[PDB]
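Trainee: Now for the letters of each chain:
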Amino acid sequence: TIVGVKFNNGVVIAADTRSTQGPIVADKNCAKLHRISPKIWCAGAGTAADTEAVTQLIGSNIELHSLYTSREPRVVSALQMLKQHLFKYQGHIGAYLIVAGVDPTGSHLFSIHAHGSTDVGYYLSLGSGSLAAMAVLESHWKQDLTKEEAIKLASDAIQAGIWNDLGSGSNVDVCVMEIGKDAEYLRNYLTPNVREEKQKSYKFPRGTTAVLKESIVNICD
Amino acid sequence: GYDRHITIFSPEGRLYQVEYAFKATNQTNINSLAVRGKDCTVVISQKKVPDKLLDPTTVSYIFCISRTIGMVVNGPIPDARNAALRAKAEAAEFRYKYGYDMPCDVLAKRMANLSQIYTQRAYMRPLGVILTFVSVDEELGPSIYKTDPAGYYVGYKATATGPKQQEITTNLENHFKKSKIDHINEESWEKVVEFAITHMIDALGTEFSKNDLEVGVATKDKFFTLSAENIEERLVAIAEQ
Amino acid sequence: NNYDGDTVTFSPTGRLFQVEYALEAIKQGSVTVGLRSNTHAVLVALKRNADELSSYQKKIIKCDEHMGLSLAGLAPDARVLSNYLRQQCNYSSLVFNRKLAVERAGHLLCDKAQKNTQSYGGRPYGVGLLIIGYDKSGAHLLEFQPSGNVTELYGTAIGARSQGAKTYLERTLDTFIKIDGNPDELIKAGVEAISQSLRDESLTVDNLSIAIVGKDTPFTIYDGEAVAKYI
Amino acid sequence: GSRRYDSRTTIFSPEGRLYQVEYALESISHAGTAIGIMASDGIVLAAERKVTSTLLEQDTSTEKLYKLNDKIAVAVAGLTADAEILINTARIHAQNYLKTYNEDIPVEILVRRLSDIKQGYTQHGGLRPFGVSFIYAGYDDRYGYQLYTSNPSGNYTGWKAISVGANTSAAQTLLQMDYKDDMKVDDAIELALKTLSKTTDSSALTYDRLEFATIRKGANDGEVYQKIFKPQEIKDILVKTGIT
Amino acid sequence: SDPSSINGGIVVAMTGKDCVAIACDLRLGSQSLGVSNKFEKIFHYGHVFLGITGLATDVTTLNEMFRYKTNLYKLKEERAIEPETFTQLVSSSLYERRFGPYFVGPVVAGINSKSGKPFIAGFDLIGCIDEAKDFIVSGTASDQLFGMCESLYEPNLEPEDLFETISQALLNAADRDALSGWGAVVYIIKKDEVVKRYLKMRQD
Amino acid sequence: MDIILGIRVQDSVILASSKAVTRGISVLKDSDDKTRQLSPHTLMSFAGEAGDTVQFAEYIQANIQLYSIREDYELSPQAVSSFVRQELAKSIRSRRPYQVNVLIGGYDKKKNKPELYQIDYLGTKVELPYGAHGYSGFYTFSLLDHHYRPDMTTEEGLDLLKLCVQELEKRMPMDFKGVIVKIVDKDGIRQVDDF
Amino acid sequence: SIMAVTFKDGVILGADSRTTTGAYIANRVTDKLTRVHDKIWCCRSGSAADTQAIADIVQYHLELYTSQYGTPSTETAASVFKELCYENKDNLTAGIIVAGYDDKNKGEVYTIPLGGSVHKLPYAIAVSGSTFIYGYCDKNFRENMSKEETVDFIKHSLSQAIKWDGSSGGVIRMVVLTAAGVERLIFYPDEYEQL
Amino acid sequence: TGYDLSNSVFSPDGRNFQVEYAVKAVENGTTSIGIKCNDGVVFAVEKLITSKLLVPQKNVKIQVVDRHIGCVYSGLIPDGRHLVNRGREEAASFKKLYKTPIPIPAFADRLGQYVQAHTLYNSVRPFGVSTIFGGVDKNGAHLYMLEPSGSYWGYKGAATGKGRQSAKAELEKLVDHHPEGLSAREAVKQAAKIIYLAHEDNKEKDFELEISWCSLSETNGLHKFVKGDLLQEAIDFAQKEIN
Amino acid sequence: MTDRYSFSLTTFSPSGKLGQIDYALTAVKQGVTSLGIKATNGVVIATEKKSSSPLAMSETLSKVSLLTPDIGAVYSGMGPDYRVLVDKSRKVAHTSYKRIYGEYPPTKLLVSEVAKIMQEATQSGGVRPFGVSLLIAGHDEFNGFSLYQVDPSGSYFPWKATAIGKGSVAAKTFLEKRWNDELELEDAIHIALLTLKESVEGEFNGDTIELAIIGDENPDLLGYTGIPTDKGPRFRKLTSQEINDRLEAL
Ligand SMILES: [Cl-]
Ligand SMILES: [Cl-]
Ligand SMILES: [Cl-]
Ligand SMILES: [Mg+2]
Ligand SMILES: [Mg+2]
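Residue numbers (PDB author numbering), protein chains in the order written: chain H, 2 to 222; chain G, 2 to 242; chain E, 3 to 233; chain B, 1 to 244; chain I, 1 to 204; chain J, 1 to 195; chain N, 2 to 196; chain F, 2 to 244; chain A, 1 to 250.
Hint data in this document are derived by calculation from the structure and do not stem from the laboratory.
Keep in mind that the hints are not guaranteed to be accurate.
[As the list claims (entries may be wrong)] List of simulated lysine to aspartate or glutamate pairs, EDC-like, C-alpha gap at most 16 Å: (1) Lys194/B - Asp140/B; (2) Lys139/F - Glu192/N; (3) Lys59/F - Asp66/E; (4) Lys91/A - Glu64/H; (5) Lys59/F - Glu54/E; (6) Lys221/G - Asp40/G; (7) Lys67/B - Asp120/H; (8) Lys139/F - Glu76/N; (9) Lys230/B - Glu78/I; (10) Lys53/G - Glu173/F; (11) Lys99/B - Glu64/I; (12) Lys156/N - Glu192/N; (13) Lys29/H - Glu77/I; (14) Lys29/H - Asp175/I; (15) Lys231/A - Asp220/A; (16) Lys98/G - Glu64/H; (17) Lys49/G - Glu174/G; (18) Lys221/G - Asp52/G; (19) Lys177/J - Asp32/J; (20) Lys90/J - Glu64/I; (21) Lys76/I - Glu63/B; (22) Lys98/A - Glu131/I; (23) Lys169/F - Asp52/G; (24) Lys206/F - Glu105/E; (25) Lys24/G - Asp14/F; (26) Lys62/F - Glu172/E; (27) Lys38/I - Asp145/J; (28) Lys177/J - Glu167/J.
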């Protein structure tokens, strides 16, 4: 479950922290929020390797572009470079991205689908929890949101995904990009899914495991 | 002495083919001038039509690169047009790849990096042209960036190019010592063109008719050239003061 | 002098010396004559031998049923250009079911020769060709030179002492142009023309080479006892 | 065209010599001396840094002695930049062999391939040859301790003791005079330094103008250690042999 | 015809107090047929340990590949590669074969020689990094290992204790998988010593 | 191309390979040698897709023979097996992969130890006291697990092989027309004339 | 549902705002009217990704054309669209309507359907899965209509399409191309539904 | 020195001597002219009759590009043909992508950039032709002249070859005496006269006249050759003016 | 057409000299003075901004370039050759390192890559050597602070302190007297300004002098918060004002 929400003086993106292989939870606290540039952040859904790889490649090329032009990078550059790359591979690179960030032109919020289609919105959501997240956004979104309102709406839309979607769970990651300020990245902003104390300690008596051989491994030169 | 025929170092660490490319720059015997207003960047160039059979409307050394970027060339028209077509291609490709209009200074750098390759690779000759790029950049504001056959480029408060470059340069240098500022403190581009022409007349010591000049103006979100009638109106204003 | 090293270098007077040297190879070549009426076009060629034990170098190459040439200069270069013509005549037949125009044949040879005069590493062709043919606009004779200059003519000659035959044809123009529906008489005029370029040596049975194309006559080459009639 | 400006780097002289190879060897003769001495129980590599400056960082510097793998090192004499191109090639070739056979590359095989690359630049490509001579010091389980040299020609040969670069004529006479077959590593260290000390164009041989390395079996039981000497370790071995 | 479950086998890695542990089974099979009971799936490049499950040809090939890459790293950098950096190199190398992948489930374990911080990571076949405080699991009995680890594991276990926990996690997971077992090896990794123990387990 | 066996005893490696070549419903040949000598002390048996087997075997033979001439040195069994594995590991992601399985038996003259390597068509290498490819191991692995010892003589190793071949001739559906047996020891490679 | 209509003063382009994955509306405020030049616009139907990729390339080609040869014709813009759509017809699913205003030619409308063919028409309408309709109440369309008439004609036409077709919906967007310049119109459901 | 031995080499002046040498080849060629008129352009050329044996009217030197552009050149004839072949490729690729037939200024730059490219490398030789070309587009009539350097401009009248200075002088008088403009049919007659007057600088061999024209009114904006009565009318006019 | 120059334009002369490298070094000698000094807690690199025209805006031309957050470069010689080398250097830091290991390269290894590019211009067909010498100052966790010189040949050497270009011989003598192993960063900046005043003839202020440091991490220049391990770039370019402040107490 990933979302983007525009407010008066910037944009905020949020994501859940669950990774799933079939019905199994592979990672309970993976980071779906990616830094393309210092003030351009990306929320990724789909194939986890693809969202990281495509986010780092464009992030690398954007950094080199910023050095070449001597200018802070723009979101439309990250958008154009991502969509053209994804289109080239005709959807085979399974990256569904919410791209948002503050640049010299202002605050921007975009979504990118794996086939290379892009959308513009004040509020967006992608992934298996998008329908749960979009229900909250469609219910509570209004024009001229404050920062505090936008964070609350974004985190609430993720929570809707965490509880109601089996593809989402664990914690809520937020990144706030305000105009004229440093982008603040709130890793584990909410932690509403803490494992309760176990009933018993499964610490074994030493010597419990049968051992055939022992040997010292030489890791030195 | 084959070290004077291709772009390899001479014993005293010089590239003669680059130095000779600079001399080709003045082959047209035309002088260009560029200045910055508050809201605009003006570029003026001498227009000489010696042949009576020439269609004067087709004789130009000012090119529209992008819709915001203007380029005046000092050098032979073949190399000028070679540089123009490439700049146009580069500005279009930039907009497609990165989703925003190529800045004046970034195009300048790109054309300067191309020029640098001709000074290092032997099979390519340098272009015998100096490119003056003008725009009102959305980040940096009124901008002048100039490229040469060595692959050198820099920004300018104002600049001049051609045979009588030094005379125009010192004329502008003296004005900016007096005004104490980095631009022409003027609201309308019309009066910035009037300044440019006035200071060229004072520097070269020649008068100008409507057909003796060629004018390019950069405003926010467009660069355009003036017609003979646009210049004529501008010359009348100077005369009546 | 300093400007003849390659074909990519102009002289201070605007000359291409490597091309002019290629042109010299043609003058050293044996004489060949071309002439035409409105109905027929004829090639006459003086073939050259190495010695009395050797054969006589074949001068005339067939390109299609309606077109062929005679050569003077580097024979291998004639083989390259005649092979190219054969392919272009062939392409016109297969793709458009159309006999290649003699004029287009000229244009294609010109443009092939030209590329070899503007590129470093390559050399100009060292041969001159006389192309004859009968197409939809009647009989045609062309003169090719490896500069790329192709010319349509009533008659001409190239090779050593060609000026003799070229002068005769210039005088005879009004006579031979009207030899319509009479092959033998048009050949006789071609044989009498090449005879003006002979010194000491005369036309023998295995020395003379004739070719003809016309209205109801495919491009055929006559050699040996077949040219005994015209001596 | 371009034919006018071609030096033709890969042609024979009327005497049947390769111009560019001969001139490259002339270049190498002006480079800092490198000495390799092979003992029964190890190999010594000693090299002289080219006229050092007082403000040159000595401790974190590598000009002459480079590691190819755990069992093979080279001493360089010529253009450092040219040497580094060839060294990175040699390092890869070694890892390609290890990947293919699961065995460390035998010394001669690595030397032959690096020598074959140099050869190529003298017979085709129309490029200048590599202005580099190497001393290869290495160990394998076939021939044990081995010394080789390669030069821009791509010719290589094996040695008990050898020098490359400046004053090789003088250096080779001194080595030929004092070297014997039943020599120890400690003895070979003393010979290498004494030889540089006499052939050097400098006033006196000091720690700051030297690079030093040994390939011993000094580690526990049938295994080879490569010791690239630190500045302080060169200072100590220079006092111990009584040169300072 | 599923490459990841032809040969079979498992790897598990765990963090303790100033230590890490990595363990694997020794089975290599051809589907139902057991072939080798000596096929170790854990390799080390200096002080960085790599376990690899999946298609056995790719396990051998990737070991040979990372030995090659870490050997060149050490020569150029003049120091052993650290776990955090090696993790990135595994990720880079797998995603390079995005549309023709190695059918593997690699696991990185080791202690950072500078910070002394225990480090473990897991990857999918195309190089996605799973960085975890607690434990990493891979192979044909991954479901079984997830169950054992999630119940048995507690934080800040001493080396001697952590050995028992990882051992019991592997042994009980392997015994509920047909394509895993036939012996097991556990590496206990402290800052400057590494003990390697072969476990006695049922041979069926 | 069906049955290839290998047993590593104290001082030698024994390879047994079926003699039958079957195309369609007919047995074309009953005397086929499914082995190539790679070097004087290294033998490789092979089985798999028709053509691919011999083509792969001869290609490896040529490459090892080339190394031997170039270095005037015999490559170790470990080195040869590693080379062969890498060739198969390349093959599997080719346009048309080699479908060949091999056993490599060699005597390492440096270690004075016999070595048996089993490599499948994927490039899955393993060192074993005894090995087999295809359905052969289905019967022989249980028998070898029972009777095999590390300190066995060559004669003991041949008797244990006879027990494997007898089990295969009893329970295998195809007539593989008996086996050619080859011993690899310190003295090189010899063929057991009668089996 | 998208249409373009020529009228007295120029040409109007109309489209809906609905983007669907299966039955889920991915975007309910989509802008399907795209600028390829100041007074050359297109209506996009079919794949969002494909139509965006094509429109971006066409915009690049017309920007480069303008630099070299000055303002391009609507016919030229249609040709560039066709070229991309025809040559890549195998890999592309894009149905496009090109509308532009010249001071010489006034309003022109070209349609590039799935084939990759080009057609010049007085007006065009595509509904459902890029399905172009012949006629669509030709008695409702006249030549040299007023702007107010043309807006009402498009508003009615698209509202009927949205009524009956679930792929169409949301707001009705329009773009008016005349000598005067570019005007953007929007009509919300509450206005256009009661027709 | 030796700065003139290799193309693309700048002299200490900043000159490409190899291009200036190519101009000498152009100056050596036969006279060719272009005249821009009210609604189109007229092209004329001098064809030297080397021999009686040359077939009259059947050695055409003026070439068409697309259907609306005329090209004539002086110098190395094959180099001209090579340039027109390229021009036809450029016009075809423009029409293929953009539909509209190539505008004349657009077409001018396509030749310009190609000729200029043959001054950037020593591996190639500059073109040994000056090319006079033009036609009718959407914006009206355009006449251009292109030189071995790649230099080109628009012209009211153009001339190149051995008789250029004579032709230029006669062209300059037409511009002065007709400021409001010259008609298409007039420009054909004037073209004939100027070639006959320019033939005085090449009077050893007698010559054959060849005229073509593009006119919005007379040819419907397409390139046609002047033949039959209209050609003989122009020859008669020229014959009357020399006497 | 096509690049027919597939042969070396740099060859050995009978004396064993590589002419084009020697001539390239001569071009570097004609170049404006630039220097580098290594302190215990940082590195300083400095150069004069020789302004082509007073109408020119010297701010736009940057002689001191960021290569990575922790590595900076200055030059002496041909400016254009430097500008394209900075571009190639920044890219190779990504393509051949960061996109593999997920971290920026250490100083010595980026230097090694720049050196390689310059060696190729010495041996490849149809190219002349680069007419520049680079000073590259950098920091990395395992090597700490370091300063490297790179020459047209491709050769590179590590320096405690050095100078290149016009007045390098005199500048190096000055640095030898002033340099010790106990220098703090502020002390090294002071010495850098003293050393550079000798080689500069005209105006000497923050507008005519370009100076950067590799020092402490700068969180304020990072552009984001929330990742404790990312503490910001060690490269900082000193402002016109910051230079003038240190010229008063000179
Ligand atoms: Cl323009
Ligand atoms: Cl660039
Ligand atoms: Cl869309
Ligand atoms: Mg050059
Ligand atoms: Mg089990």
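Trainee: Look at each hint and say if it fits the structure.
Mentor: Status of the hints after comparison with the structure:
1. Taking the CA atoms of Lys194/B and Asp140/B, the gap is about 29 Å. The hint is violated against a cut of 16 Å.
2. Between the alpha carbons of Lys139/F and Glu192/N the distance comes to roughly 45 Å, so the proposed pair goes past 16 Å and is violated.
3. With a CA separation close to 23 Å, the supplied pair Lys59/F and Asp66/E exceeds the 16 Å bound.
4. With a C-alpha separation of about 10 Å, the suggested pair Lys91/A and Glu64/H falls inside the 16 Å cut-off, and the hint holds.
5. Restraint check for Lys59/F and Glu54/E: the C-alpha separation of about 44 Å exceeds 16 Å, so the hint is violated.
6. Restraint check: the Cα-Cα separation between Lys221/G and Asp40/G comes to about 7 Å, which is no more than 16 Å; the hinted pair holds.
7. Taking the CA atoms of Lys67/B and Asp120/H, the gap is near 55 Å; set against the 16 Å cutoff, the hint is violated.
8. Straight-line distance between C-alpha atoms of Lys139/F and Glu76/N comes to about 14 Å, which keeps the hinted pair within the 16 Å bound.
9. The suggested pairing of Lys230/B with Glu78/I holds, with an alpha-carbon distance near 14 Å, which does not exceed 16 Å.
10. Note on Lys53/G and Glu173/F: the hinted pairing holds, with a Cα-Cα distance of about 7 Å set against a maximum of 16 Å.
11. This hinted pair checks out: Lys99/B and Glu64/I have alpha carbons roughly 6 Å apart, not beyond 16 Å.
12. Among the hinted pairs, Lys156/N with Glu192/N is consistent with the structure: their alpha-carbon atoms are about 10 Å apart, no more than 16 Å.
13. A hinted pair counts as satisfied when its Cα atoms are at most 16 Å apart, and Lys29/H with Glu77/I does not qualify at roughly 35 Å.
14. Distance restraint check for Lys29/H and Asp175/I: the Cα-Cα separation of roughly 26 Å exceeds the 16 Å cut-off, and the hinted pair is therefore not satisfied.
15. Distance restraint check for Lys231/A and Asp220/A: the Cα-Cα separation of roughly 9 Å lies within the 16 Å cut-off, and the hinted pair is therefore satisfied.
16. Restraint check: the Cα-Cα separation between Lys98/G and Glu64/H comes to about 15 Å, which is no more than 16 Å; the hinted pair holds.
17. A threshold of 16 Å between alpha carbons decides the hint, and for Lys49/G with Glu174/G the separation of about 27 Å lies outside it, so the pair is violated.
18. A C-alpha spacing of about 37 Å is found between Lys221/G and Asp52/G, which places the hinted pair above 16 Å, so the restraint is violated.
19. The suggested pairing of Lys177/J with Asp32/J holds, with an alpha-carbon distance near 10 Å, which does not exceed 16 Å.
20. Distance check on the hinted pair: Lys90/J and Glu64/I sit about 13 Å apart at the alpha-carbon level, within 16 Å; holds.
21. The hinted pair formed by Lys76/I and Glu63/B meets the criterion: a straight-line CA distance of about 14 Å does not exceed 16 Å.
22. Restraint check for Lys98/A and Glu131/I: not satisfied, since their Cα atoms lie roughly 19 Å apart, outside the 16 Å limit.
23. With a C-alpha separation of about 10 Å, the suggested pairing of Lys169/F with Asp52/G holds against the 16 Å cut-off.
24. About 25 Å separates the Cα atoms of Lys206/F and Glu105/E, which puts this hinted pair outside 16 Å; it is violated.
25. A distance of roughly 6 Å separates the Cα atoms of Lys24/G and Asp14/F; the hinted pair therefore holds under the 16 Å criterion.
26. Annotation: proposed proximity of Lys62/F to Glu172/E is violated, straight-line Cα distance about 23 Å (limit 16 Å).
27. At roughly 15 Å between alpha-carbon atoms, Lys38/I and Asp145/J fall within 16 Å of each other, so this suggested pair holds.
28. Distance restraint check for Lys177/J and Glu167/J: the Cα-Cα separation of roughly 14 Å lies within the 16 Å cut-off, and the hinted pair is therefore satisfied.
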